[PDB]
Amino acid sequence: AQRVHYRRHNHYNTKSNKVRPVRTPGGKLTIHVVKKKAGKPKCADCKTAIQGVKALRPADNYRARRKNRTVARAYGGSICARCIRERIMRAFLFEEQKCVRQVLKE
Amino acid sequence: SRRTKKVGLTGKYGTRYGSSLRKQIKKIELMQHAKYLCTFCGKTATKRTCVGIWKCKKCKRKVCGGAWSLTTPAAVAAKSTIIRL
Amino acid sequence: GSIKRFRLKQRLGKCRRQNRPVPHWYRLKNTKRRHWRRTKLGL
Amino acid sequence: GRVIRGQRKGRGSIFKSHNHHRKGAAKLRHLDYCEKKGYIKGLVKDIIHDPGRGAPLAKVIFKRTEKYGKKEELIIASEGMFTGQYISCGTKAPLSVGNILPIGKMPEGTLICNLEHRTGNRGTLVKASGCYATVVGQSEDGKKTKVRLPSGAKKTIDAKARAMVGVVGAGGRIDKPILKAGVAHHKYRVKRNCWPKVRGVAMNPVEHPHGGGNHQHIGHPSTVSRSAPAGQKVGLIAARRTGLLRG
Amino acid sequence: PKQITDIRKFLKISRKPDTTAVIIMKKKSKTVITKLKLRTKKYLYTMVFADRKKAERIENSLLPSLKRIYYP
Amino acid sequence: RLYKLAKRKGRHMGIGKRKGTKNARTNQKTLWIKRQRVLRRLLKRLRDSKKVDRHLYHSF
RNA sequence: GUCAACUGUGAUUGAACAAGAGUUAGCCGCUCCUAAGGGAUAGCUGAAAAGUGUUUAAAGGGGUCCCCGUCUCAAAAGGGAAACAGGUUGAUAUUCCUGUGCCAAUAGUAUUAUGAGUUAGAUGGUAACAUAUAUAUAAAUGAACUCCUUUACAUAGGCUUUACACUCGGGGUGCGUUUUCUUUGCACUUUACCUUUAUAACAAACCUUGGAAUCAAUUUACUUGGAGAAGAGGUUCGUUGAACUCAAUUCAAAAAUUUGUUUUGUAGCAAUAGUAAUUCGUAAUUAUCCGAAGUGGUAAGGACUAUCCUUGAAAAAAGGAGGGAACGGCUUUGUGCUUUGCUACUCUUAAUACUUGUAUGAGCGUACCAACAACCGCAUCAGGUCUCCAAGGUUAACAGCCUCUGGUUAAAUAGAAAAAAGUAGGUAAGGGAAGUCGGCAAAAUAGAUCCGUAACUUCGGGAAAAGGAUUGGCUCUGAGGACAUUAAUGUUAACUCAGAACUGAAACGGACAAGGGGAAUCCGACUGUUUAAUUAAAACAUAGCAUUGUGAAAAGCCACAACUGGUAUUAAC
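These protein sequences, in sequence, are chains B, W, D, E, Y and C.
Counting from 2, one number per residue, gives the positions in the first sequence under full-length UniProt numbering.
Counting from 2, one number per residue, gives the positions in the second sequence under full-length UniProt numbering.
Numbered by full-length UniProt numbering, the letters in the third sequence go through residues 2 to 30, 38 to 51 in order.
Counting from 2, one number per residue, gives the positions in the fourth sequence under full-length UniProt numbering.
Numbered by full-length UniProt numbering, the letters in the fifth sequence go through residues 2 to 31, 36 to 77 in order.
Counting from 63, one number per residue, gives the positions in the sixth sequence under full-length UniProt numbering.
No lab work stands behind these hints: they were computed from the structure.
Treat the hints loosely; a few may be bogus.
As the list claims (entries may be wrong) - Straight-line Cα separation of at most 27 Å, DSS-like style, residue types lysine-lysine; simulated pairs: (1) E:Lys-234 x B:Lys-99; (2) B:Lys-55 x B:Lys-43; (3) W:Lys-13 x C:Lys-69; (4) W:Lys-44 x W:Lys-59; (5) E:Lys-161 x W:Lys-61; (6) E:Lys-24 x W:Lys-28; (7) W:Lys-56 x E:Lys-72; (8) B:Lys-99 x E:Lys-64; (9) W:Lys-80 x E:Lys-161; (10) W:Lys-7 x E:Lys-177; (11) W:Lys-58 x B:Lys-41; (12) W:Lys-48 x E:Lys-128; (13) B:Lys-43 x E:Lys-60; (14) W:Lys-48 x E:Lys-72; (15) E:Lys-177 x E:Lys-147.
As the list claims (entries may be wrong) - A few chain E residues that face chain W, going by a derived Cβ cut-off under 10 Å, partial list only: (16) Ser-14; (17) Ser-130; (18) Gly-167.
To be verified - Sample of chain E residues with no beta-carbon within 10 Å of chain W, all distances over it, derived: (19) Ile-5; (20) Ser-79; (21) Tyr-87; (22) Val-137; (23) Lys-147; (24) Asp-176; (25) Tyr-189; (26) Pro-222.
Here a beta-carbon is modelled for each residue, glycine too, at the ideal position from N, C-alpha and C.
I would like the entire structure built from these sequences, with the hints used as guidance.
Encoded structure:
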């Protein structure tokens, strides 16, 4: 084998300073600083990562197109589809229930 | 279970700390690590996630409770009293 | 250390320029010098 | 001599409280016109742990009465509170657990928590885990109300002042004994600079007045007057009775 | 660098005004195969032409203004 | 390579040559994991080929 | 270049002396953001000096006059857009050079091309969800006012995937051993960013169908299920980063578009560059460059699981959703606003031309050391001094021993002689603590595997108790996988275990590492801590027990000259 080092300093493996060793076309085993992996954006009520939305870091999410970011269906990446449905049912039925109360009262 | 004679779940403590304290710890830990029945979905998966908070895994929901068990006798009595009045 | 400050770098370059020996012609019409190992700039 | 540790504590320094883990001040809803005349219902959206407080905080959403949109409060979580629980606050609010009501509108012998010493002071009393106050009487011509502090003490406050139905969460916390010195360290790490708590009698008399003596004598009364100087107030100040409590 | 499958699109890219040069090279047996890489400022576009008949046809088809680069 | 040829023949190994524990020589958890995966693999193949029923599969 | 002095010896040497040379950045850092913090404004005190810091304010932003707002510095390891490969110098290189890219802005007006919409806002999919491939995935109406999310986070234990590393076996190249034996040993057989890289693959998540107790599916681990599981068929994310029909071509079939077969191609980058070569001298050519697999050492990710009377920063910045303000062009009355008459227009990227200050890329760092002499120690001081990179054999092993790459043979000196004495080491008959303050010193024990293990005990321990046995080398036997032919037969692998012979000076944990034990008394329970350079304990901490005071802004407890603070993001658990 051989030894290697960072070309950007910061040789300790921090949160941001992670590294992938790589062999070159020159046959030289070198080190490359690997891009920072992340957790995932979350549904508002359930805190659940959403289908159809890519998990891109905010620089890549700025460069990414709008089709990659979000879903046409209802309230997009805000809340998940099953969760939306139940909330819609609750909102409708409670208005119905309210209307029944109004009819009852007079 | 079929390992220790009397220390049971406090056998991890066994070589350290006073025996009576280990008895006291045993009672509290038995309550502490129990999996409670969930009022908000009917399964016995309700676990403590931090001191006052007992979360159901299945319906993903946080009930506020006692330190070592789901409910104090005091709170139950108070709840009952309010319904009574 | 390895990275530097513009003011410090300039003063150090000055001190180096001052360090170099006297013109020999001046004696035809050298009291102070520093050596890096035994005398530091004291900054 | 050299300044005693309790006197040194008030110089501020490294004896300021460890607030990093702590999620904000735990004061209740402020009094307003809507609370005064009627009631507001809110929804408990999340329950969160604070380690400076003995019990959880509850994140409660109200909708802005003077404007538009959703506003978040931090309430102390009552035992039996849950995420998605509806909490009601105000004069005309119904009696139920965790509701926030003027003490005048409690029936006697009820159990309550988060009392305030004056209206709109936002729950200054009865805040510790598992704790509760009892309403012990209501004035005949109103205006005042008599309540019982968790010390067992009775006190009379105005009827208008609010409190929160039920008992504080995380009860029975003191029942478990402290396992070990590391557990005690973890407790003080989120509290205050206050530990290890070394004996005064062990030290030089110069640096703690219980100190000195070749075989670690006290050599003087351990019962001190409240009239004493601060550097003399090391012992048991205003001690009416000493020895083991009996009867 | 970008591979372009469609010969007609490759010709269209050649006809585009930004494009300036043709880097063309013949490859030996492992029979002669020819790799043509075409130089636009945005990218260097590559087509691999299998045989001589393809290679002559592309070289003739390409605009004479384009700079033709041969390694020999 | 001569030593490895001996290891292939099983002959390089010797009882008093060992200085590591039985577990350090060959890990018990790993051996267990091999057996479980092979047994579960075997059961699934028997189920897939339908030579046993779900009841027998689950019990085994 | 060099030798007056220095380089504790010599000295032609030099980190000494003399003359020069040399560090090149839109992309690497700093620089930017906020934090723990610090400094102020607003106040208020104090003779002032100072002490404080939204706290009795007529104060930075967004909007057709209205709605919001204490400021400011503070991280060269937190957050934080964006660059790699090869080459090159006497000395630097992510920065010079060649090649390839990537990023942010990028004003006005007029042209053009690119797709939309019109005769004022696209589409598919039951659905989860998907859809613009223009040179270029550009462009998929939307104001106030709102709501989320990324930024953005603990520890422990296993499981798993990839990559680099390591090994074996085959073909190809050159060198090496070559008395004898060796179809042998060694070396080389290279491949990056970038292309929302395209696909394949898989752990997850979700959906349509489906409808389950005789519980099933199922992990090393338990998990999941009528609050809908198994099953069947999808979809998504994340890993990954040319895997796999992936692309082209071919012929056959589908069919008015899709599959099978052939021929090609390291997917572009990419061989021209690298390596081993081969010839030919002014420096140039030629030939070469790839088929299988195994070990599980690094590192990262993943799905998980468990623990806390402890639940594990923030903002700048970016993103998504809600909402429904606003709305063709020409001609024309009346007052930028309104009604009539007419129908190539309204958007949208990129390029171009023309004008408007000169319409692209700020500033700083980049040598060398990092101690084996460059820093601190009064000095080329066996001292101290942070972080990362981590080869082979032996082995549990990053140990110890030896080896390859890379490095070195300088240490403030050499030589000759060899006694005392010294110091660092060895070794010793017979006895075996009779020694001394005390077995101090030294020696004995020691690794694994197999047996066996007491008093006593808070029942957990004691415990590796005690005390035994075995261990080399060879030739065999057994146990433990993976694939495909209908129960048998084939193809085919890694190493570890267990047993048996034989063999030898019974020697064998061979060097190498490596518990002395027991019987008791006493103190401290314990893990912890301490007198920096004569002190680690029986002292201190510690849990546990008990005590006092205090219900609150006119409380407790403490600070400050004063005003004012701290406990307090507090409240008798």
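Contradicted hints - numbers only: Failing hints, ascending: 1, 3, 5, 6, 14, 15, 16, 20, 24.
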